[PDB]
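One structure is given below, represented as structure tokens, and several questions about it will come after.
Omission of a single protein chain aside, the complex is shown with its protein chains in their original locations.
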């Protein structure tokens, strides 16, 4: 999928996690987020279209999604363990990674 | 290892999982598949032999193995947490990821 569609999937499911009441909604949303994060790694964002494909900026872009995926992993295991509020608090901390990438590359 | 040997590792251990009897075989097989998936990221497939290692097809290729590794991760936790049958089911669903990369780059 396009980068913006993957971003839509990340944002829509973050909202689902924040509003969620049970572990099933959270786990389902985090699984969708992981898939969108990895697929976004394949994209070149418009602001880096003037960069080499292995420039430090594109490596930084791609590793940002590895960092997001590992944060999603921690939240997803908490959701699996039934720790709904902890899984939601971990999903809130995802936003630092969202924001940091946007600051550099949106 | 080179790409073909990692692919044999993937194929052989997928068969071990399909024909497994105990959790130890499945856990051991999935850990070997993850290792092989990550090692395969270092390779250049013959159909991309001449392209540049940072071309979008090479990025798509390498991210295919992150996706495979994360799907292996879910199956390995199913094996580690008991559910041998559901791990084998998840291992079987990996073939969709195997096949999607093969359609493009094999």
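We just call them A and B in the order they show up, numbering each chain from 1.
We adopt the following convention: a residue touches a chain if its C-beta (ideal position, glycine included) is under 8 Å from a C-beta of that chain, and two chains touch if they have at least 3 such contacts.
Touching the chain that is not shown, out of A:52, A:93 or A:99: A:52 (per the contact rule at the top).
Listed here are the chain B residues that touch the chain not shown: 34-35, 38-39, 41-42, 44, 52-54, 62, 66, 69, 73, 80. Remark: the residues of chain A touching the chain excluded from display are 52-56, 59-60, 63, 66-67, 70, 73, 77.
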